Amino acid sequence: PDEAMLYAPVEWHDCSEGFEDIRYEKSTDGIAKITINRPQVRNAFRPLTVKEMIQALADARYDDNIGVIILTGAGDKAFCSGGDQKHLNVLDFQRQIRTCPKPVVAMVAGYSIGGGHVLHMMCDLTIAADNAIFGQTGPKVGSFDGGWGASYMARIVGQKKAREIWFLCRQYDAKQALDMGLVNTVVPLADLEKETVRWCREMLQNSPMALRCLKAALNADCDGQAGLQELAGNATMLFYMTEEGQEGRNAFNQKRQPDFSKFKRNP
C-alpha cells in the first residue's frame, strides 16, 4: 500500500504483567511484539525466558486482534546470544513458532548467535539491522541443534553454506547473511522498527486465511506428515466455511440424516 500508512507511528501497549525476562506489547493495528529483555547478558535465554515466550506466543496466537508477531531483543546489541551458560524447552518454542498460523518476524539488531540464531531462522522472515551478526557456536562449545537448526537452515541457504555455518562456527555480518539468503533485508539500525513494522503492515493488509494456508504449505515441504496435519487442518477449517461443509451440522440441528445428493460434484 501507500508509504504514508506503512510508516505511520507505532503505538505499543504493554501486556508484560507477570513477565520477568521478556516484554510483551501489542499495537492497535494488529502486531504483537515479544522482546527478550535481558540486555546485560546479550539477551541470552534461560528456561524461564523460554517459558514466558511460550506464554506470550500462545496469547498472540489466540488474540483475534493480532495478525503478526515480532520477536526481538531489547537494545541495539543483541537479538539473542543463545542459551544461558550459567532444560531444553526451547524445542517446544521452536515447534510453537513453526505451527503458529500467523507470520512471525525476527527483528534482529546485533547478535543472533547459537540457540539465538536458530530462533531467528525458525521465524518466517528476518529483518536485519546493518549491525547484525549471525552464526552457530555448538561445535565450538560442545553442543548442537541437528533438528530445524540443521535441516531447515539448509532449506534456507543451501547445503554448502549450512555445512560451513555449522562446521566452522564463524560469525557473519549483515551483508554476508543477505547474500546467502539468510535474512530477508538489511536496514540501517536507526530504522529497524520502522521497516519491520512496514513489512508487518504489508502482510496485515493481506488475507489472514491465505497467510496461514501458505505458511503451512511452506512447512509441509519440510515437515512430512506434521506439515500435512497443518495443511489439511486449514483445509478442514475452510470446508466448515462452505455450504457442503455445513450440511452435517445443519442435518444434526434439524434432526435428519445428512443429504449430500443436493451438492454439485466438481472436476
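What we label the rigid core is the largest C-alpha set whose atoms superpose within 1.5 Å from one form to the other. Only residues modelled in both forms are compared. Residue numbers count along the first chain shown, from 1. What changes on going to the form deposited in another entry:
- Once the rigid core is used as the reference frame, the Cα position of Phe252 differs between the two forms by 2 Å or more.
- 249 to 257 is the only run of at least 3 consecutive shared residues whose C-alphas each shift by 2 Å or more between the two forms once the core is superposed.
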Contents of the next structure:
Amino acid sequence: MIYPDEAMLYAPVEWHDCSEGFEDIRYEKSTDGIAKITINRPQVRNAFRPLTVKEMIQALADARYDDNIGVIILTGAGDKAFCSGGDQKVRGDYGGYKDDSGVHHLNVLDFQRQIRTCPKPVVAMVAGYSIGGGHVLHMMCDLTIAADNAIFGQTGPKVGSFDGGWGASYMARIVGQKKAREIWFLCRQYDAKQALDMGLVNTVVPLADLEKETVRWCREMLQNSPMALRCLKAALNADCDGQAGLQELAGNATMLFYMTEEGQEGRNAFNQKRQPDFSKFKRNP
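The structure above corresponds to the form deposited in one PDB entry; please provide the structure of the form deposited in another entry.
A single chain, with no partners or molecules, comes next.
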C-alpha cells in the first residue's frame, strides 16, 4: 500500500476561530478538515459545568454537519489538564449538576452518546490530567494521543460518584476486566507509560510534540475513505452497543443501498405509481 508523505502530514496548520457565542470552550477549524474543541476552564483543571457540556454538544453538532470537516479533536486549554470531570462546586444534592437557573443536569451523558454516534473519528489530545468524567471522555474518543505529562484515572468512589455506563463496560473493552476493576476500585493515578502499557491510549509523545503528532494522526485519517471510516466505527460500536449499535451499522447500509440502482428503482416506482421491477438487478450469492 502507498502511504502519504510525512512532509504533508507535518505541513503547517491554519486554524480559524469559530468560538463566538461560547463562554466555556474554544472551537476552531483547520483549512484541511480538522475541527478542534477545547475546554477552556483551566482554573478548575478544565472541569465541565452544564454550560460547558451544552457548548461542546453544540460544537460537535456543528462539526458533524460541516462537510469540510473529517476529524474532530477534543482537548483542554493549557498543558496542565485535559479535563477533570464534572464541576463539583455546582454539583447539587438533587441528582445532577446545577446550571445558573437551578436545573440539575447529567448532560455529559448526552455528549458521550454524541461522540459515540458521530460518523467522524474523534481524537482525544491529552496533556496533563484526564480524570473522572474527563477520563471517561478521553475513553469515549476513538483514539487518544497522550503527552508524556499526561495523568489518567477515575475518582468516583473517592468523591461519591460513579460512571457505570460506558465508563465501566467500555473501559473493560479497552484495558480488560482486571485493570478496569483496579482503576475504578482504588482510584489511583496512572502516568502516560502506564496508560500506554495497558492499551488505554494509542501513543505517548513528548508534550512539545503533542499537537504536531495529533494533527499527523488526523491527516492520516483524512486521506482515507470517509464512508469506510463511518461504517467501521459503527461496526466497532456494534460489538458493544447491542441494538443501538445495530441502528448505526444498519443505517449506514441503508445509506449505501440508496446509492444503488436497485434501491433507486424502488423509490422511482413509488413516485411513478407503478410496480418496481427488480429483475435487472442480478442476485449475488
